[PDB]
Structure formats: C-alpha cells, structure tokens
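Chemist: Produce the complete structure using the sequences and hints provided.
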Amino acid sequence: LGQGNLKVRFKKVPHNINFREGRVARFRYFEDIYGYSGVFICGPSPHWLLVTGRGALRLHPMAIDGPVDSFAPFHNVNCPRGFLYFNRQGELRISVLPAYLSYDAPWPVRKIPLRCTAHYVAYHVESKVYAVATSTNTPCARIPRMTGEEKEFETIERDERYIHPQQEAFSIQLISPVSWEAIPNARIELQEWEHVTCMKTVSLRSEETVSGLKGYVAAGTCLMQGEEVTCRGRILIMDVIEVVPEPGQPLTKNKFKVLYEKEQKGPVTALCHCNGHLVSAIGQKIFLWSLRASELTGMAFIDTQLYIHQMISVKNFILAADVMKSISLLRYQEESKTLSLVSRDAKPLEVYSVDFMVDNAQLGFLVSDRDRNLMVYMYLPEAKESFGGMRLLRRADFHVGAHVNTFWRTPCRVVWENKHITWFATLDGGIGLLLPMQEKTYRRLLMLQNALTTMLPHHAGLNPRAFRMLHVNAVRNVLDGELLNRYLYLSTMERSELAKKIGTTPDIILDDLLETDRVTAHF
Amino acid sequence: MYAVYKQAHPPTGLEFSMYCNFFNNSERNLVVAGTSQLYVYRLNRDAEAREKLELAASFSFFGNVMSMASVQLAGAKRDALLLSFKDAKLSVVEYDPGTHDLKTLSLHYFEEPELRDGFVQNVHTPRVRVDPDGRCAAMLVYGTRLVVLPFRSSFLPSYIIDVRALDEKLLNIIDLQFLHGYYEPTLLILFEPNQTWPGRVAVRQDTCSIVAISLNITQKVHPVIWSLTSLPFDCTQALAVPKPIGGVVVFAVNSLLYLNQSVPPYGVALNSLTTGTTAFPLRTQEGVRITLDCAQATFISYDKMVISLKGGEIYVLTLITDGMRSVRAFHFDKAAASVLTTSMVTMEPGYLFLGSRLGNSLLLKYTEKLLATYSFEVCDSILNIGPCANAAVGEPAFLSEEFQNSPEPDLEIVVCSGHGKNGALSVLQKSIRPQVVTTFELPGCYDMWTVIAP
Amino acid sequence: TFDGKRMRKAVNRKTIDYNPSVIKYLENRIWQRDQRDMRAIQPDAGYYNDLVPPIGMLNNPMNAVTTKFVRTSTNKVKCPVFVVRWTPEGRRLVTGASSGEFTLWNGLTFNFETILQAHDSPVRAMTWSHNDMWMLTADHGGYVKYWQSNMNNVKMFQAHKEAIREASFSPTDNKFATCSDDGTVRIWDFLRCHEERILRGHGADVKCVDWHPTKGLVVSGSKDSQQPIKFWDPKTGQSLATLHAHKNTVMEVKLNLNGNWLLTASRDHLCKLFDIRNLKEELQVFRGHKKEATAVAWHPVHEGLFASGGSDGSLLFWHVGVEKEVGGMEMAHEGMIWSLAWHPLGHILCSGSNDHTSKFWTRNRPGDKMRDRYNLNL
Amino acid sequence: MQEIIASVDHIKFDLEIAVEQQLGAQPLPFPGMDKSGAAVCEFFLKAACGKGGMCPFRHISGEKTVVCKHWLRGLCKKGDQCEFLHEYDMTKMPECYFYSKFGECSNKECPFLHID
RNA sequence: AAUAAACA
Ligand SMILES: [Zn+2]
Ligand SMILES: [Zn+2]
Ligand SMILES: [Zn+2]
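Protein chains in written order, with PDB author numbering: chain H, 883 to 903, 926 to 1317, 1328 to 1386, 1393 to 1443; chain G, 1 to 49, 63 to 165, 183 to 400, 458 to 541; chain R, 42 to 419; chain P, 1 to 116.
Please note that a few of the clues may not be correct.
What the hints assert, rightly or not - EDC-like, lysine to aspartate or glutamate: derived pairs with alpha carbons at most 16 Å apart:
hint, chain 1, residue 1, chain 2, residue 2
1, R, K331, R, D353
2, H, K1189, P, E87
3, R, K331, R, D274
4, H, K1118, H, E1030
5, R, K50, H, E1053
6, R, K365, G, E198
Calculated directly from the structure, the hints in this document are not laboratory data.
Modeler: The structure is reproduced here in structure tokens:
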C-alpha cells in the first residue's frame, strides 16, 4: 500500500468459551505466574490463556470458585509467584498454582515415567492409591515343552552372534497420589511367564463394613508359553490396607494384602463386578465367582464366544467383548443362580473395548472398533428388524479418527437430569466424548451440520460427512462437535445467513451449542 | 439414540514428520503430522524457557493422514504438501498468506472399485513419495496401482500405472522410493513375488526382489531397468542413498544390503539368524549383534545414516567408500539411546527429530567427537500422551479446604501413556484448581490492582 | 467297546493353544498401528512368544499356510469323513462320517467329546449360521436336521427324494438352499420347513450350492457339462445366469464374504476365480492339482487365500493375485479330501479323507525345519 | 470405581423393564428343543406361566440333588426334562466313577466327588 | 445318566 500501514493481519481462532451468565475489565494480562505469561479471562466461565516458549495457545478453564470478577498477579514473601482474585461473593483469595502439573500441554499434565509398559491402572478408592500393571523386557532363555509327564524347559543354546527373544516379567506397582512416586514394599511380582490380561477396581460384597461392597483391586493374569503349552491362569485379587508406616518413609503405610491367588482352569482374560459378585472370563467361559472368607465359590457361568477381552457391567447386565466375534449382553439373577444370554451382536465385529451410553431411560452400548469406529447398540425386543430380543441393533454410527480402548461415564453438569457423558481416550493421545441428546436439539443441529458440511472451505478439500461415515447401512446419529464448532467460528453476519438457510435464528443455535459445552467441562 | 461427539483433547503423537518450506522458501520448517492433525514447528535457538521447538501453525483435517511428502513446484514461493488420506485420497495443500489457513491446490480421489481388483479390505496404506528433483510424485494406491502425478496451473493430469501388469509380476510391494542421480524419475520398488513368512523358511528360502522402474512422464511408458531377485525373505523398508554415492540400502530384519546398478551386491549380516534362512552372500559385521525390523532412518549429507532401531537405540551407520565412489564395507557405532520412534527427520545440520507415537517425540543434537563418532544430546521434547491403553478416574489429593464443600465432583484422570522404554502414567486434569493459601472477606470493593514499590 | 467306564492313565496332550497368540496381539495392537509397525517373528524356536493370530498379520497372509501337522483324528469304527465344521466359538469340531456319526473333536487340545447317531445315511453337508444358533446338516438319504450348539436333535424332514450334497444359508435364520442328485436346487423356509420353490432346468445332478452373503444369489455347480454353473434368483425362481466353466463335474463352489469372487472346484484339476459381476471374462485359474480338486475353503480373516483339497489327498494353498500355489502336501494326506474347515481364528486348518481319517493342520512354528513326512520326506 | 461418580442405581432403565415381563419373547419354534442359554421365567415360580412346553425360558422342578455331568461341557439334550441339576455349585456332583469303583483316580484336577 | 478315561 506504500503510504505506511501495518504489514500484519489478524486471524480469529476457535474457542470453547462464552461470556453468558467505573469500568470493570475482563482481560487481565499476567507475566510471571508460575513461570507463565498470559491472560486470565474473567467472567461467568473463567479461563486462562497460556503461551509458553512453545508458542501454542492454551485455554484452561477454572470452574471452581464459580464465576470470577477480578484478578491480579500476586508475588509476596510468604506467598510464592501466584495470583489473587475475587470470588463472586466478595472473597479475596491469595492463591498459588499447584506446582506438580505442567500447564503447557492441551490439558494440564504431569508425566510419570515408569520406564516399563504400563498395561492397566486402577484407582483404589479406599486408601486412595493407584495400582499399575507393568512389564519390563528380560532376554529369554528357556523354551517350554510339554512332553507327556510335566513341562520340560529347553535352554536356548545358540551362537555368541545371536540376539535373544524377549520375555516380559510382569509386576503390579502401587503409585501414590500424594507425591507421585511409587510405594516401596508394595510390588506384587508375578511368575516367570505370567502375563496380566486385566487389572480393575472390583467391588465385592462383605459383612465387615457398614455397606456391602468393599472395593478391592482384582487382577487377572495367565501364562504365555507359546502355542504348544496350554495357557493357564490365575485370578489375583488384592487389597490395599493401611498399616503403620516405617519411620522416615510415610508413603509405606500402603501395602498389598493378597486375598486370593489360585490357579484357574484356563486363562483369565477379563474381569467385572456385579452386585458384589466377581465376574471373570476363563477360556470360552465367563465365570461368576463370589468372594468368601478365603476361597472363591462358583455360582454361574456360560459357554461364551472365542476370546472375551473386555467386560464391563452395571446392575447385573454383563457386557462382554470378543476380539473377533461379537459383544454380548448377559444377565444375572440372584434367586436362581443363573447367568444367561439375553442379546448378542450377530455379525462379526473386531472390537477394541466397550462402554455404556446412558440416557434418561435408555442404555446404549458404546462399542469401539478396529477400524477406528464408534457405534451405539441397544436392546430393543419390540423391534421387528432384530429377532425377538435375540440380536442387538446399532442405533448410532460414527467414525472417530483414532482407535479407542478406554471408556468411562460421568454425570454432566428437566434436561440433563439423568444423561451421562461417556468419555474416552483415543489411542493416538486424544480424549473424546459422546454426550447424548434429544430428538429436537439434534435435528436443529443436523440441519446446521449439513449446512456446515457443504458451504465451507474445509481443510485439504476433505468431506466431513463422508469421513465420519461408518466405514463398513451407516445408521449415523452422532453429530460432530468439531464441525459444529465452526459455527461458533463464523462471523455474526455469516452466522445469521446459515441460520436463515435452515430456518432459525443464531440465538436458538447458540443456546444449543453452548449447552453442549457447559455440561461437558469436567476434569 | 442421538449424540454429539466432541473432542476434548487434540491427538498428541506424530506418525509422520518432514522438513520443508511450509511458510516460504527462506526458512525450512518442521512440518509434522499425526492422526488427523498437522503441526508446523519452527526452531528457536535463543529461548528463555537453548533450543526449543516453537509451534507456528497447526491444522485439523477431517481425515487421518496416511503419508506426507513435499515438493517445491514450478515458480512457487512455498512448498506444497502431498497429504494422503484413507482409501486413496491425495490432497496437495499449501499455506497461504493473507488468510493464515491452508489452501487446497488439488484433489485426487482414487476410491474407484475397479482400482481394487475386487479386494474390499484395503490393507495397504497409500504411500506418497516425491522425486528429489521435483519432476513427478507417485502414490501407491492399494498396493497395486502406482498413481503418478506429473509436475511442470502448476500441474499435469495424473495416470494409474498398473503394478501387476508390469514385468516380473511384482504383486506384494514392501517399500518404494525415488532413487537419486538419473535423468528420469527412477522408482525402486521392493516386492515379494512368491511370498513367505518368517516361520516358514525351509521350503521358501529368500524371496524379496527389486525393480527400479524408470518413469517416462511424457510418453507415459516405464522401462523396468535393473532387477535383483534373491534378496533375503524378510526385508523391511528400502531407503534411497543420496547422489554422491547413489544406490539404495535395503533394511532386512537380520541383515543390511547396499545395492546399485553397476556394482555387485554387498550386504552384511547382523546376527547368526542368517544361517539357515538366507542364501544371499552375507559377510560378518564385526562387533555388532542387532536386528533391523522397525528401524527408522535418515541420511547425513553423504555416507552416514542414523538408524534408530526398535528399542530406541540410535546407530549411525557409516558406508565406507572407495576412491571410485563404491561401498566397500560398513561401519557401525552404538550411539546414544532415545525415544521409541515412528519417524525421523534431519533438520538444520546438527539437529534431528524423532517423531513417535509412544513417547515424547523429541529434538536431538549430534556433534563431532574429538572415525567421526557422533554424540547425542536432547534439546527439546514435544509432549505426547501416547497410546492410552487404559485410563482411570481418580481424585486429586491437594484440594484446598476452601473448595472442599463444593457440590460437583472434583477429579482427574491418570493415563497409561507410552510403551516400553517410554512408558508412563500421565495425570490429565482439564481445569485449573488453585491452592488457596490465604483468604479474605472484603465486601464493597469490586476491582483490584497491584503495583510494585521498593 | 467304548463307554468312558474303563480307567486310563494320566497324559499330557498335544496342545495348539491360540490364547498365547491372541493375548500377544491385544498387548500388541495398543502400540501397533499397522502391520508395518510389527516386530518380526525371527525364524528360531525361541520366538514362540511373538506369534500373533492371522488378524495380527493381515499383511503377509502366508502366516496361515498350515503345513505343520498336529494330530490324526480317527474313530474306532473307521468310516471316511465327508464334512468337517468348527463350532463358530472355535470350541470344537463336529465331523460327518459315512455311517452317519457326528464325532465332536476338541479345539485347543484335541481329544474326542461325544459320538452321535445323527443320520441314517452318509453325511454330505454341514453348515452353521451367522450367529452361533443353528447348525444345518444333510445326507445321502434326503433328510435335513437342525442342530443347536449343544447338538440337540430338532424336527427332521425329507428335503429331497435323492441325495443332497450341500446346504448354504441366507444372511439370517430365514432361508437356505439344498441341492440334490435329482438335479434340482430347492430353497427352503427355515421355520415352517416349507418347500418354497424348486429351481428346475439344470440337466443332471447338482452337487454344490452357495449363497451370496448379501445380494441373495444361489450359485450351483454340476456334473452336467451343458449347464455347469447356474446363478439363481431366490425370490422369483428364474435362472439368472449360466456360466460355462469346466469340462466335467464341478465339485464345490464357494464365494467370498466380501461378495465379489466366485471360487469353483472341479474334476478337471482346476480351481477358478470368477468375478460375479462380470461373467463374460474370467479371472485366474489355479493349476497344480495333479489329480482332481475336490474341496475348497476360503480363509476367514484373510480374503485372498484359501486351501484346496485334492482327490489324491493333495492339500494345496493358493492366493488371489498369485498364480502358483504356496503350501504343499502330496501323497501326504492319504486318500481323497472331501472337505476343509478353518478354525474361526484362521490359524489351524482341518481336513478329511476317503480314507477313514481326518487330520488337523496348524501354522508352521518359527525356526523349525520342515523335515516332516508331509513337507520334505528327507 | 464407577459407582461414586456416575451411579445408575436410581434409574429404572428400559432395559430392566424389557427383562422382567420379558417384553415380547416369541414362543420358540420346534418343540423338541432344549431352552439352552435361557435363565428362568418368573411367571412360573409365582403363579401359572401361561404357555406350556413351547416357552422361551427355563422351568425348574424340585428333588434335583445331583448336577448334570454332560451339561458342564455344553451338551444338554434333555433340557428341562433332565433328572439332574443345572447350577454350578461344587457340592452336588456325582461320585467319580474311578475313585468309587476302581480304587484311586488318574488325573490331578478331578472335579467329581471323592468319598471314602 | 447319554462316551468323564477316546489309550500307543
Ligand atoms: Zn415359562
Ligand atoms: Zn443336563
Ligand atoms: Zn476322580
């Protein structure tokens, strides 16, 4: 332009934040709070704006202490480099950022290097500790035979120009939440060839506490010794019990008490709890053991499919997950000691892990796949497209970008009285969610999403409708809050145009897209 | 029945990594990508928080990136990016000034059911390679269909070379690279025309092969110049050796070959599992006993290749060269150990990047020691919640007593990130929960300011 | 006699256990993204840990070339076995013999589990459903029985006045088709046992029937050289197509589960691929059966590869895109192979002779030497 | 532990309503079946059930003191006309035939009863 | 009880 003008521009960025409930400022720049510089965005949903030398923009909410009126950096003698703000109720709070996390990642994270493959984790609620299965690599030396009398172990005798196979020895750690070091004299190390297939936190019924349940840590584990040796397994039920600490080591009050450790008749692949019953998967069977004083007494079983590698359950409905064949829902009565098959999937499906989509009255069966999919099954006996209560039916289809193994539910923050956000952490580092909705609020947004899919210049020319297709009919019923997030990114002139083209105003949609952001601000 | 998917955490973890001219031709910029997200990192050297990877732009795709190559087109002021998405979608994109977004240059959809030859279950990923002179670029659609993009609008219309209708009946491709030197885009293609499995080597000894197809762009033919045909049965990735030596190194699981058109084959063995498994003439590498099956590699300017093995162990292979620019012998050195990688990039000379899914993918720095052994130092590490196998919800232990009677649950998640030597737990906690060290009850005031007084 | 009432000593058993392989894949697939990320199973006997099932190596289907012999599984009455199926749980293996017996052989470790006196005639056909619910059988007599998972005898009915030779099943529990030696293909109602329609106009005895996994196509094969392969239309009853493929006596016809490829065994030493959406041309033929190719079974978790029996007991393994065969047993399975059946995990294959035996075939172990009498007789 | 945070004990799901009155279970075909994999019908224990013989779920009778040996492996031809029990309690098994008749047993993990 | 032990 020649006359002398700014040789810069400005690009708007996506958000998650809404400002909806002398001159008061809401934008307070802070330098040197816990090493960080940036902006605390005050108001009804307060947020932090953190940019380190990484240069990436970080939006961390602060939903505790409610809405926040004002803010100030505070550096004192008795207080370290921290901050200082008003409550909405007029409460001045000297405050310090907690110093163990790192606020430079998209969520605040502290990395705990175990230097060994952590397979599972299980927050034991009583005494408040974590129980991690691990595995380190030991160079193998023996090859187990089974020649007719007992196991014979052939010593690997090879050249000195020879690399060895890897034998993995498993141990169950005990990580303490107070300071994140592991706890000494609490490491259940397993046998020579025994591999942990599952660790969970299992609540079994007992006559000691005032409730029934107790909250143990149960771990299943089996011995891998190649395909010629019959793999057998062993249920390892533990318990973290507070004893007196050693003088000088206050972490060592926590220590395992292994109640049950007995070899089973086959490999233990998956564990679950149902009203205080232990539900374990051995072979092509799923067992229902009950915890007595010292022995497990069997109560129910069913001859299930090939390899049941995930089971979770609630209110005596057991949801299994095979590697190839099918998920199943099972059902345990108490008055008759019987476990039985209610509905299974009938089609082959290469599952990773399963969940429970919970509606106000509907229970959906969120089942991730090998092919980076999610899908919600339901048990609908009155439907005619299945058999009469003998075949599950998918009712939503979606294509996550990544493989998913982890699954959990939470209550979200009258509508949303009884619906659960069934979150997940994908196997590429990302954490998603599936917030259920009703029929009206969905279709006011599917009209928006179809208007967002076509009339926008998407990155790399990609089609968001066909990417979030099932990748086998694709009975999709799941929106995309990363495409609907672009409606929050449009200018308010452009916002009103796509509202008129679908037959509404922006304020109805902004009351629909910001209420799927407010009820999902946990952690 | 209905739901909304919302993505609470963008996927950390880099499956692809390159070093191209993303913003302009003046500076190179580390473009790395992961599952359905592109990242462009600059390079600081004088940072307060010393070298540090500074993010410059990040981009979300509606599709998982399955490969990524770059080429500076005719008269362009930037470097385009050849992305590759699932079921054979190429997409040439560019950064734009003005609008700070991308800009798609071309869209190539190859998801035709006659391009599969009936094979519904696509197992091979579409692989994008570029000619280092910038003459053309080739995508291996579906394992059996070399799609060639000719270059000079800055483009030419593509075409689909059938792989199985070539000579030698290629039929099971392992890797393909554009080789250096030459006057035409010669593309080496490792394959297995009579496929075998490690575990069945007594009736099928060694079946890997090489064809260096030479692409005629204008006439649209392709002479299959140079073929070898009894390479060891378990060859992993091939790698194009640069111009002053030329040729190719072909990583096998238990050996390592150096092949060229005018030179006899020279390849050594790296353990004594090559005894009854290989008839190829293998020497004995002295003082080395390792394997190369998942081993990412890049090249130092000439005659030095950084192999990061499985197990995260960096070896700097030296190709010992004669006076006639032919490889005589190899030379290893066990350099430092580092991340369990999934990629590798030479940045500015003396910096390496180790893109990894499972582990904090970090920036290294090699120097010369006082033949030419390299010592490594870690300068910066991109934080990387790895493949979260299991993750459980826990309650934090330092909630301050003022926030104690709050009605909502106040909890965090602990994530089994990483694997192996880079395995971890990660403590993810979305909000920020301060430590209230002193509270006050001052009603009536509504704003606040802080000043500094000596 | 044999009744489980006399005592025998304690023995350890030859085990082919997929569980240390499947556990290994679950631990793998977390940190594996592809097969291009997989750690190699180096050829030595020490790498017995690093086996994953064929789902683990989708790439490289030569995993499942099952030439390692495990166990001859013979009865005590010595009848030649005709049909072989695995229970879709991968748990056992019902097998049909000429006296009409269903010997249920074990899966991980093979013993014997029960005998049955099912058919009054030699068993000729056996298929399960798409869920594990119902098993279909048929014989030389004309009787078709339904079987549960616990092998309960259900209402039986004379489907044909002459010898049935196959029965395949729609993608549900509603419809299936049995061809017989009167020359017709009769498509059946599942629940009512009601004769829906007869597909006449075929010429001579049709000895195999396939059903396409989605589109509703009944494919057949024939001894009649004039009308060898007929596609059909199950709702109407009309001849949809006719494919002149073989010189004599098409034995067994199998489609993929992906829905495209027809595969056809025949007594002229040939297996042939036909793309069913293009019957004018012809895909590759498969040459290498030195006598007649009498049994064919597609691999479950690998499309592309299948095993192919012989009338000389030759047991060969093929792959789509690969012209000559991969595996090989000749003069090795002795007799005439009637049927094959992979385990649901595609890792261990069965067999069945016109001799009175029925051998089992697991994958080759890493780093063994194939000096076995099936592989290299030296 | 999944029951402190996202508890569902107060929800009466449609899934639990679907399995009390059984929500349209079809009277099963082929009356020579087994009723296998099916739990129990509460309509028979409390009062008259409604359908006889051709019914989905299981009908129990008294005076069953010994569990069924075939039923454990998954082979129950008899079904509900079985004179043996179909639980999993390890106290109502038969006497082992080779410990009662032929002196000692052979295997190490014999489930069946050994009495002297 | 209807093949629990069907062994080389
Ligand atoms: Zn009833
Ligand atoms: Zn019984
Ligand atoms: Zn006994």
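Chemist: Of the hints stated earlier, which fail here?
Modeler: 3
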